[PDB]
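There is one chain below, alone, in C-alpha cells, taken in the form deposited without the named molecule.
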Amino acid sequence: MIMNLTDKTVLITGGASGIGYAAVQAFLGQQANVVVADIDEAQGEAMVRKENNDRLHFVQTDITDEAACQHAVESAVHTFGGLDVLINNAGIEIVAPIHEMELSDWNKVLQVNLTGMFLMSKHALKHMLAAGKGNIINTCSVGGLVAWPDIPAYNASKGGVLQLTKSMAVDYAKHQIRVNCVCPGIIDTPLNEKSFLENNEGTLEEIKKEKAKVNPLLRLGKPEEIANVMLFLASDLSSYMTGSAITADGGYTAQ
C-alpha cells in the first residue's frame, strides 16, 4: 500500500482520548504499532482493554517531566523495536483573559502544549538521528494561525507549536526527519463538549450548532478526520512535505 505504514512504530502523546484516540485507531488500522503516552492510567487501560490489540502499548507519561518523555521514547523502542513517527498531540485549554490569568495557569498551558512537545521531540530526535530517518507530527490548531477568542494562552502555545514545527523541519531535513503539523478547527470531542458547555449559553446541542456555523462546511469536525490527516503526514504520500501546516477546519481560516 502506498501509505506504507504497516510495521512502523508510532508514539502518540495524548492518545487515550479524543483526536489522539482516533489516531490510535487509524494507525492500528494501518497495521502500525502504536505506543500511547498519556497521563491518566485508568483511561489508558480502558483504551487497551477496548482495543484488545497486540500492536498497542500504553505508557503512563507526564510530558512536562523530561525523564518521563525519555522513558516514553524508550518504551516504544523496547516494545516494538524502533520509533518511526512521533505524534505530539497532547494539549490542554484553559479559558481566561490575559488581564486576569494566573501565572500558574499560563504555565500549565505552555508546559503541556509547548514544553512537553519540545521534550518529547528532543528524545525522539536523538533516536531518529541515529536511525537515519524519522517523522514528527505536531497537533497545532487554527489558533496557531489566527486567534480564537478568549483563549489567548492556548493560541500563544499553538503559535509556538507552529514555529517549533517549522524549526525542526528546517534543522532536521538533511537528516531525513520530516516535521509537519496539522491545524484542526473545531472538533467534536468529549473534552470540547465540556468546554462548549462551560463557556457558552445554551444546551449542548444548541452550542454545537452555533460552533458548526462559524465554519463554511457548517459542521464540526470529527476526530477521525484529524486522525486521517495524521495518517497522510506519517505516510509516504507526504514524502516531499516538511515544515508544512495542514489546516483541517471546514474552511474556517479561508475566510
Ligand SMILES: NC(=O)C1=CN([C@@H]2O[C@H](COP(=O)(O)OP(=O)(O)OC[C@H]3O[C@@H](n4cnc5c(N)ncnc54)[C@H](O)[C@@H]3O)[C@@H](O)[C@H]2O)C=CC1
Second form
Protein chains: 2
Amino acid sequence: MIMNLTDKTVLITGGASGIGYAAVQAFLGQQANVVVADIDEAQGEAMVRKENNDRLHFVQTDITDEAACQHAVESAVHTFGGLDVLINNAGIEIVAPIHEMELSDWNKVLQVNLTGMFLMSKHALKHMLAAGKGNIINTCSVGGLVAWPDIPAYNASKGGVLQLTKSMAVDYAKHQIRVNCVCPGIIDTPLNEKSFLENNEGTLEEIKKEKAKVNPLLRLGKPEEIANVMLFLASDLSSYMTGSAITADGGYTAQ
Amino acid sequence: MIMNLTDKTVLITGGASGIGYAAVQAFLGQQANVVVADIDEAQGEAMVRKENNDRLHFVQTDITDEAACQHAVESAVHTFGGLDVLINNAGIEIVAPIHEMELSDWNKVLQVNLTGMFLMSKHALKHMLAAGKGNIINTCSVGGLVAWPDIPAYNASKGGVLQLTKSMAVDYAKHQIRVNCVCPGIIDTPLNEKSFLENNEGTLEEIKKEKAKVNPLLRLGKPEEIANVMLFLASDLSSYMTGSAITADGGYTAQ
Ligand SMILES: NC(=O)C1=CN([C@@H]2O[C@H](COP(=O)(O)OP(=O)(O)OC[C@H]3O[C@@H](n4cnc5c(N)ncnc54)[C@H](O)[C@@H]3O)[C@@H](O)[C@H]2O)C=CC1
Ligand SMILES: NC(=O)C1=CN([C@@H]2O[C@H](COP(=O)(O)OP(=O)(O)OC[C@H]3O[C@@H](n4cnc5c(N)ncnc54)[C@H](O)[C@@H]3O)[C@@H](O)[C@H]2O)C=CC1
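If the one shown is the form deposited without the named molecule, what is the structure of the form solved in complex with the named molecule?
To see the whole picture, the full complex is given below, headed by that same chain.
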C-alpha cells in the first residue's frame, strides 16, 4: 500500500545474480517493471526463464562500455515506456596487495565498480532530467566506509561510489532526482563463496562460520536483506532522503 | 504485505506531537499496537480521542524519571501483552551559547534527549532480553553528525544518542535486539515553527522559505517522511541493519 512501486520501471545492473537477483525478485514482487543489465547472457536468459514474468526484461550489457550503457537505458524506455529507478549494483572484487597489483587488474575493478556506475548514471540522468524526476541507488559497501583487509582497489572503488552518490545527490536534487547508496556487509552469495575459498583456509562451511563471527549479529547477511533496503530507497517512503548511505552490515561498522 | 508490523507492539516516546505523532499514525496504519509515552497529559488524551483506535494507548510519562519509564514499559506489556519496538523519540531544544548557558538548562536538554533515552532503553531491554528479541529506534538528528549553529547542548545530546545507539547495537546483537537511529534534518512541525520565529527575523512563511533553501531538495521535511523511516527500521525489511544511522535530511549533510 505504501511502497507504491507498481508500474515503476527499475533498471538493475548485475541483476542476474546475488544481491542483484534478489533485488529483481523483490521489485517484481512489488509490481515494478524490472530491466536487468548484466554481462552474463546465459545467466540472464536463465533468469528470464525461471522468473517467467511479463514485468521482467533482460538486456545483455557490459557497463564498462558507454554504448552498452546507453543501450541498456534505451532498452528500459522502449520496453516499459520510461525509467524511474536506476540501481547501480554490478561490481567485482580482485584480491591483491597494492605493492603487487597489476595496473590492468586495478583498472578492471575501477572500471566496473566506479566507471560503469558513472556511465550508467550519465545516460539514466539524461532521461530522468527530461522526465522531471528519477531515483538512483548505488551499491556501495562497508568497504566504502572502512577498509576490508587485502582488497585495496575494491575499497578505493567503493569510496568513489560513496562520494559519487553524494555528488549526484547534491547536483540533481533541484531536479527531484534522489540519489542514495546501500553499504552491505558480508553477504552470503554464490560468488562470495568462491572468494571465501580462494582467500581463506578450511572448508566452505568452516570459513562461513568464521565470517559469521565478525558481525555482532553473528551471521552473514542474506541477499534479500539488501534487496529490501533497495525497495525502501526506491519507494516514496524515503522521499526526504538523498545523498545518504544506508548501512546493512549486522553491526560490523558500529564497533 | 512485507512490512509485517501487524500485532507488533510499539512504544513511542514524545508520541503526542510532531514526528512522534506522525509515527503513531504510520504504525497504526500498519496494524501495529502503539503505546505513547508523553509528558503532556492533555495533548495525549486529545490524541487518543482524535485517533479513536483500539490499537492506541496513552500513558502519561516523564522520561527523566526512572519509575515513570519503567511504568511506561509495563503499560505496554499489560495493555498489549508484550513490547517489540521501542522508539525513543522525545527530545527538546534550548537555544543558548555555551558561554552563557545555565547548568539547569544544559541538564534539562541532556535529561530528556539522552538520560531519558537511557532510562527507557534500560527497562525495555530487561523485557526484550527475557522475550528473546526486540528492536530499539532512536531519534537522533543531523545535529548528531554535524553542528547546528547556536544549539550546542542539543548537538552534544544527539552525539550521545548516536553513540548510545551504536553501543546498544553492539552489546545486544547476540540477543537479536536490533538498535538503529534516524537522523532527521529540518522538519516542519508546530514546535519547530515556534523555534523558527524565536530565533530568526521575518514572518513564519519567510523564515520557512529561507530554511527550505539550505537543503538540496529545496524543501523542509514532513513529519511523516521521518515516520516512514521508523516503519522501515521496525520492520523485518531492515533485518540485517543494526548500529546504523539513517539520515533523512534532504541532502543537507551531503555537502
Ligand atoms: N559481501 C557482499 O556480498 C557485498 C557485495 N557488495 C556489492 O554488491 C554488489 C553485488 O554483489 P553480489 O551479489 O555479491 O555480486 P555477484 O558477483 O553475485 O553478482 C554481480 C553481477 O554483476 C555482473 N557483472 C560483472 N561485471 C559486469 C559488467 N561489466 N557489466 C554488467 N554486469 C556485470 C555479474 O554478471 C553478476 O551477475 C557488488 O557491487 C558488490 O561489490 C558490497 C558489499 C558487500
Ligand atoms: N524537527 C526537526 O527539525 C528535528 C527533530 N529531531 C528530533 O525529533 C524528535 C521529535 O521532534 P518533534 O517531533 O519536532 O518534537 P515535538 O516537540 O513536536 O514533540 C516532542 C514530544 O516529546 C514530548 N516531551 C518533551 N519532554 C518530555 C519528557 N520529559 N518526557 C516525555 N515526553 C516529553 C513533548 O511533550 C512532545 O509531545 C526529537 O527528539 C527531536 O529532537 C531531530 C532533528 C531535527
